[PDB]
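Since chain C is already given, all that's left is putting chains A, B, E, F and D with the ligands on it; use the hints.
Number of protein chains: 6
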Amino acid sequence: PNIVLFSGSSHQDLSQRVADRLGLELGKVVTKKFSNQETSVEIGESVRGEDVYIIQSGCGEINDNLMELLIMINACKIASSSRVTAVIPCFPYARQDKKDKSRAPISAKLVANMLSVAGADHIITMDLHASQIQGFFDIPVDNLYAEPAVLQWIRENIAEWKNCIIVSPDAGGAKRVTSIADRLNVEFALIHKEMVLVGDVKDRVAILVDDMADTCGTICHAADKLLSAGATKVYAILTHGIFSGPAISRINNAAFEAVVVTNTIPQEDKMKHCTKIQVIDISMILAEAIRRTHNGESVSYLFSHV
Amino acid sequence: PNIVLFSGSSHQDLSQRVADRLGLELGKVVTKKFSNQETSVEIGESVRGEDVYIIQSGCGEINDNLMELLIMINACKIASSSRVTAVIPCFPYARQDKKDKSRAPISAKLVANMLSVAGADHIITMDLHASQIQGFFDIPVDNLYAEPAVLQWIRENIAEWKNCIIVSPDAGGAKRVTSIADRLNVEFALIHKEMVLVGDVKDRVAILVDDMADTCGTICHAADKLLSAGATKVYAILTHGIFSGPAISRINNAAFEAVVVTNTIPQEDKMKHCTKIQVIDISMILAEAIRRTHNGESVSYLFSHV
Amino acid sequence: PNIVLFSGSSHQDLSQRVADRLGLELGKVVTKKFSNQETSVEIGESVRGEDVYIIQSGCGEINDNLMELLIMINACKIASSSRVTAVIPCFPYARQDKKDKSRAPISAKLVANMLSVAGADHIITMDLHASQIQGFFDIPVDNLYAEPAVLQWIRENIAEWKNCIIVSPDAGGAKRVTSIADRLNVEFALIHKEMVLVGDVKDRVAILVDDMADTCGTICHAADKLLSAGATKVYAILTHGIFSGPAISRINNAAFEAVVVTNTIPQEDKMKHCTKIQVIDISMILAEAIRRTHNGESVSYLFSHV
Amino acid sequence: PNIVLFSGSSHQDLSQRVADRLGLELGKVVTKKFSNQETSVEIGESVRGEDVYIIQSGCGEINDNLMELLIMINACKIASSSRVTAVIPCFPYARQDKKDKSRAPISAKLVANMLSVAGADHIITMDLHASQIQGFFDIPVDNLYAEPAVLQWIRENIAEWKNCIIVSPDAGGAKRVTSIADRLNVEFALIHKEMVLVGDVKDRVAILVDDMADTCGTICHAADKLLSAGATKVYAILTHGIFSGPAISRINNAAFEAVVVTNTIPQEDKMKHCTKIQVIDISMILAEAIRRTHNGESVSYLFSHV
Amino acid sequence: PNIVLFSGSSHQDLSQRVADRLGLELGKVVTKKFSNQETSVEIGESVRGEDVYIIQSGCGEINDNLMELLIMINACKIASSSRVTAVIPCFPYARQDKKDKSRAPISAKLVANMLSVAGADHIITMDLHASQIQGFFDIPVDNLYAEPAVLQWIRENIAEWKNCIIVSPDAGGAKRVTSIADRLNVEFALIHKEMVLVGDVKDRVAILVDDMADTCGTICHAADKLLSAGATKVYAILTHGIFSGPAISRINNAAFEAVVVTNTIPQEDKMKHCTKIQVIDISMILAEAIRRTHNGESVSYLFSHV
Amino acid sequence: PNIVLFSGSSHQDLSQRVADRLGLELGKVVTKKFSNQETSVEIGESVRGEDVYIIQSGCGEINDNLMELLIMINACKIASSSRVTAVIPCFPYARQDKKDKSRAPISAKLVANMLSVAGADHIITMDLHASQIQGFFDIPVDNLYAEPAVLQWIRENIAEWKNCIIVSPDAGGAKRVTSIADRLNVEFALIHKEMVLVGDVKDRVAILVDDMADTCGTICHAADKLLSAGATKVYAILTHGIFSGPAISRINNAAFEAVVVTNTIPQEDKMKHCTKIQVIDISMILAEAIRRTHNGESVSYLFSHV
Ligand SMILES: Nc1ncnc2c1ncn2[C@@H]1O[C@H](COP(=O)(O)OP(=O)(O)O)[C@@H](O)[C@H]1O
Ligand SMILES: Nc1ncnc2c1ncn2[C@@H]1O[C@H](COP(=O)(O)OP(=O)(O)O)[C@@H](O)[C@H]1O
Ligand SMILES: Nc1ncnc2c1ncn2[C@@H]1O[C@H](COP(=O)(O)OP(=O)(O)O)[C@@H](O)[C@H]1O
Ligand SMILES: Nc1ncnc2c1ncn2[C@@H]1O[C@H](COP(=O)(O)OP(=O)(O)O)[C@@H](O)[C@H]1O
Ligand SMILES: Nc1ncnc2c1ncn2[C@@H]1O[C@H](COP(=O)(O)OP(=O)(O)O)[C@@H](O)[C@H]1O
Ligand SMILES: Nc1ncnc2c1ncn2[C@@H]1O[C@H](COP(=O)(O)OP(=O)(O)O)[C@@H](O)[C@H]1O
Ligand SMILES: Nc1ncnc2c1ncn2[C@@H]1O[C@H](COP(=O)(O)OP(=O)(O)O)[C@@H](O)[C@H]1O
Ligand SMILES: [Mg+2]
Ligand SMILES: [Mg+2]
Ligand SMILES: [Mg+2]
Ligand SMILES: [Mg+2]
Ligand SMILES: [Mg+2]
Ligand SMILES: [Mg+2]
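Residue numbers (PDB author numbering), protein chains in the order written: chain C, 2 to 195, 205 to 316; chain A, 2 to 195, 205 to 316; chain B, 2 to 195, 205 to 316; chain E, 2 to 195, 205 to 316; chain F, 2 to 195, 205 to 316; chain D, 2 to 195, 205 to 316.
Keep in mind the hints are simulated off the structure, nothing from the lab. By construction, the Cβ of each residue, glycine as well, lies at the ideal position given by its N, Cα and C atoms. A hint or two may mislead.
The calculated DSS-like cross-link candidates involving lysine-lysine, where the alpha carbons are at most 25 angstroms apart (straight line), are [claimed, not checked]:
1) A/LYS34 to C/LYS280
2) F/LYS34 to D/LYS34
3) B/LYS102 to E/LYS235
4) E/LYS235 to E/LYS212
5) F/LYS194 to C/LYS163
Heads up, incomplete: computed chain F residues facing chain D, CB under 7 angstroms, no partners named [to be verified]:
6) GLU62
7) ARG104
8) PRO106
9) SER108
10) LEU111
11) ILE252
12) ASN263
Next up, chain C with everything else stripped away, as it sits in the complex:
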């Protein structure tokens, strides 16, 4: 089969970059809405006997884009494609992954089921909120890591990285922080609400590393505790920058040295209203995974380099 790369309405810029690294052109698909706000999908080329890849990120209008993804997957399945792969840099409803309330839903499993009945055979995603979402599917699921690119940014941009500290803004983020600290051979701390800090922090550069920042109610309160606790400068490094609601107003009025995110969510608009925001490119990692999945090579090689 031949790679047929398709792009949804969300994050059109990343799909163009992945096409460039793969050395191909995006497929002909027109995705608009009808008068009554119903998704319209018009694929403009034959997907018969092809390896269709669709890039759709859980950003912007989550529900509008999610239905767009399911209609595109189902259209390519009935149009007699060979395999259909959903490339989702940010997984929607990933924070609703367990039932710790009375009648709470598990919306991550509902989205997993809906992608399965549309007809997707493979899933490629980056830095899932819970790694266990891989078990919500009966199909192969790729969970790429942005950590090798995060480590590269720290070494080149922060000069004092050899004698810095790494801070976790939440109790559940200690797994991510401890892995990064060992790779840099530095110390680490942890911040818990209900604000308590456990770690030296004083008179050293502190880096806040999390997986996502929706409204930045965290990290911004964490930065105040870090500056009150003796740290000189504070850095914030994140993978998925949603920056919804106040968010930008909190970052613009905070004392972060820099806020660093990836390409998983469109950052072009947010970067106009915040000079602290910096972006790490991940289109190289996504293009390599699509390349190796198509050719039947080892994706495990990606978890050994940048």
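Just chains A, B, E, F and D with the ligands now, kept in the frame of chain C:
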């Protein structure tokens, strides 16, 4: 089990009307959206061992209401309810029911499959675009009719109904038109585009009967053809009035005697900007079907009276 | 994989014609019945890793041919074939496609489910009664059209086709009629029972176009209404000619100029007892669809020519 | 729920007797055929919230009866019944239960899958050809035994039963023969083709016991071998008497003392043309099984008495 | 229906205690092994129309107990029970819940799938390793907490609990520790390998709280780090005490004040060879969940008291 | 794709022999157990886009080996292999294939279902206890025969085979012996318990042929009956030699001329403690089936030669 009636964000007024006819109160559910525009559903009462009935219409913002419905169904299924029934007065994506294009989707079947994997056991809907959507499910599906209420309106409001004529604005609507005409003993006509009229029409009160009006393009060119053909006055009777886009601007600048719709879609806002719009209450037919499904009575009795 | 063409008991002549156009030979299968009237299927060649195509029409004795088809599909699936495609020129139980009665079945969906659990991956059919039966399956379904061959016959055989009129014998057949009329730039009419005619007809050659004729209770009554309404000669063009029951006795005692059908159902025996019956060959359209599905070409090209 | 007993076109008499033993009336269902030989099913009462039982035997026109059964099960399932039980005294396609040929089907598993996807929840059958057809299903399957009635008939009718012999006409029927012989405390023999006899037989009454007799090509050659081997009189006892093909011509021209069968298949017509045929009533056992399944009693009690 | 309580080979003592709180007798089931070490299950009562509950913990020989559970669930499903619930205090293969290696299995999802196809409808478990295993099922899953009983033990036994500290032996156990600290209004610490401690712990009683201890390689190294860091006495509180391999030899040769575990795994043999081990009874929490699930009461009430 | 041969813990010697006939090396997989006796599976090569074959026999610790098989199948399915085939020379739980008791399980169907949800696409086995287990799967199942190798052994080793007799130790084994007798043109006998013998036996060499011997409470008592009935010497030929429990002590204390088995179960340890045991190599038949399934050749050719 006990009836537990829930209402989604869409069409809150009909759910209250159905609750009054059933003589109960709506269940405690809070449906908001998070900062990143993700649906939040919080059921505030035990649904364990209950007959849950969720009323959600495919109107307004379709994709956000549809994802609202699936989260509510899945939450009630995992919360150990006895049965879950989706009451959907207007079915979303009902116009995409076949594949007559190159790589077209069938989004009616995708929506059908999503309701199945959420965990719905029964579907109650009214006046489907295609009756064959009943076969898109492997569960019982109820297809109610607004025709008995349509015929009741004609007999009381139009005085010349004994010598009127029903006009079909399209070629695919001849099934509805001929059934109505035979039930009234009056003649019928038909209008086809690419605009042609077959039927007397001249010096007679013409009634345009269709199942739906989205942008009212068809019921506007048809009305102009009817007034140019000799009909004194033109009436339009519809079941699902979406009235999206121009729609209202076309109805206000038209020569309809009246435009008549049902409760399936909220008409309170549209009736302010158009005096030609009239509403037929259908909350009694929905309440009776919910009542009879719970009590194990014959729903076929509904198709013999009003 | 290699095409392996198999033929069921029904319509052996079309399978031979399709084999000739494809330039191959029919596979070795022996289908008889045991003493207790149970279907016996004996495939006499290896189907391992092959693209199996089974041609079975819903004609003759429906239930014995339908069980024949399911046994053949299941035998080829367990025999490790690559893909199995059911080519069904006339779909059985296509008229039971909805539930508009008290405890009516939907037998079109039951037959759809049986073909799925036998192991079919693709369905190729022509001129379904309802196009929505495509959504009764979760697999690709091809719905071919006999209209390009219908229009070709009219142009060469009826000399007055430039000033003729197409008549719909029922209210639900107005979709086929209006599409044909626009493609010929001529007018159209419509006949409804409970018998009333709308259209000129008078002093014009009327053509009755329908999708199928089982007992010819319709068209035969329509022709009488057309001859009493001023039409000179009446033609009838149909896709699936079952001609069961009286049928032939009604056609022989009618005033049709000609009755025209296709190859979907065996017409060799019926043509002996009726001289008005003419046949349109469709073995080229079926062979092209089989050829293009195997080669991964565009079947949409078939809906642009003859 | 309430028992709703339905009867298919096959074996109306057994259904009437089962209704009599249960003290109820058969449900209102009309099952005829259309002009093109398609099954028509018209249930004439509400099955909503009921325990529907359908009695259909695999006899006569096997395929038409099987389609009838599937259509009835699906109609009762979609019509919102509580449970649907298929009571099948003789299972169709039970002899095709394994793949011992090149591309042979396993039609028993296909029938099992079709019954599963129609919507049946329970299966009640008597004396399956292979007991593993119980494992062909994912639902409960009852396999009743006619052996107690066979033993009762042997005791009351044959006077010399205390010093008789029991003969198996095939190598695969040695299990039934050994079980019956042990229950009667008599000896046993076996007959194999490719005819060889292993047993005394000489100067004693020999009883041929099998599970079914389709064409009676066996048992007749077995009877000739037994009469040539020194046995005085030969009896034949069977469970399912199909008697298709020559069958009756072979029994009338044979030297059986009596041929004894059960009610699983209609026997009145065959009993008209053969004086040797005798029938054992099994309606009591089926009625008891239905009664105990409805009331949630122990069906295992039936395998301890008559 | 009626509660039918069944017990597997593993942890026979807890099943007896749960039966006593529910005020009933355990069901009659004999579970032995054949000569070739295959599980034999012999239920000695009618489960027809009953609410069957089976108590089986993932301890001892995991694979023999897991196959025992599936055979009991499947036997009770085919025996026409009403509902089947698996009560699993310790879930097997809970630590293999994600794919973070080259070709790693996710054996938690395989066990989830094998419980689904056996026929279980509900799962009751306590303190899952990952809460997300709830989403590995499409059925309701109860995740009980042993924390309220853990808090009761600390207050009753440790006198210095008002000025103690809670220590996490791993980076991933920070979620449990921070929640317990807030409930007691005390401080907390964290220990990470690759052994580094963050927190005071000097001159105060330190409590190590985890979810399970398999070989006690952790907690034993953590205790050495705590005692050399200035802590006075060290306590270890765990939920699932496996104590496999050396385990006991490490606890007997350590400086724990006490090792406290729950009833999820049999502890009677371990406490003979270790005086430091203490058991917390949870048979009241399991009995209440079983009682409330059967009666259709709120299980959420259990997460507000002891 | 490429053949990737994997071996489980059970029967490492047969896998090596099959690898040699196929001319390849076994795949890199390490299978051990954790401290708490849970299966660990670590594949050391890329199975991506490969035809994976796993050889695992139902011997030794059945439950440990069965869970090992499912973990290996599921790991290779999620690792994006092309096809996964389970080669099982001896099928676990094959004797529990029907429900002839009150609440008996059918554990052969449970094992079939667990192999289906792990992700296996093909099953290769030898001499199933019941041939109908092929219908317990919805996937192709190969049922190889050891009979051609059994016939070869008799002709080469037993000199009196031309005037010998074949004895079946059970009523259910008459199918095997009658087929073997016809291929040798010799006589046959049968032994039934509740011990009675039918057949000459006297003054001739008797061969006892069965499918398996677990504990030899079967042939051993049959051999005693044969020697007291006049047979000169007794041979025992079996396919699956389990030899569990007493087994060997009964064979060592019996009067068998020889006990002959196959490679389906490891025999190396048994032949140390029994000189009567002889082994027939079947690694050539398994290698040919694996070779032909991969290459898409006819497996039916194997049932015409050795
Ligand atoms: N899009 C969203 N925006 C804000 N909150 C969300 C969103 N989706 C889910 N949530 C809520 O946020 C909570 C996330 O909790 P989390 O910090 O992940 O707990 P833990 O750290 O124990 O996993 C969930 O309980 C969920 O109810
Ligand atoms: N550190 C890691 N090394 C290798 N794989 C990892 C790692 N972390 C997570 N994974 C997961 O393991 C999977 C390995 O991909 P897979 O296709 O099995 O590799 P291969 O091509 O060698 O079979 C990836 O999809 C990834 O999600
Ligand atoms: N004119 C009609 N009369 C009766 N039923 C109809 C009609 N039109 C459609 N139906 C369908 O028939 C179904 C009858 O409901 P059902 O529960 O089967 O009736 P009962 O309660 O008698 O079993 C309805 O769900 C409806 O969708
Ligand atoms: N007028 C039409 N033009 C194109 N396709 C049509 C038309 N009418 C119906 N169809 C449906 O569209 C499908 C197109 O086949 P498909 O394999 O999707 O095309 P492609 O090979 O270009 O992907 C056909 O199976 C047919 O059923
Ligand atoms: N001799 C036998 N005794 C009991 N059951 C048998 C026997 N032979 C076969 N069976 C099977 O065992 C099943 C027992 O039915 P079941 O509903 O499990 O009994 P209970 O009502 O006691 O649970 C029957 O359906 C029958 O098919
Ligand atoms: N703190 C908590 N409060 C309530 N429920 C919780 C909590 N933590 C987890 N849960 C989960 O919520 C579920 C509530 O059970 P459910 O049957 O929904 O209760 P109800 O009967 O009120 O609907 C439990 O199964 C449990 O797994
Ligand atoms: N005597 C026999 N001859 C041929 N096939 C047999 C015989 N006995 C059993 N079989 C079954 O028939 C199957 C034939 O395999 P299959 O893949 O259909 O062959 P082919 O490649 O010729 O289609 C085997 O899997 C086997 O289980
Ligand atoms: Mg979380
Ligand atoms: Mg339409
Ligand atoms: Mg129709
Ligand atoms: Mg047989
Ligand atoms: Mg873990
Ligand atoms: Mg057996």
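Ascending list of hint numbers which this structure does not respect:
Checked against the structure, the hints that fail are numbers 3 and 12, while the rest are satisfied.
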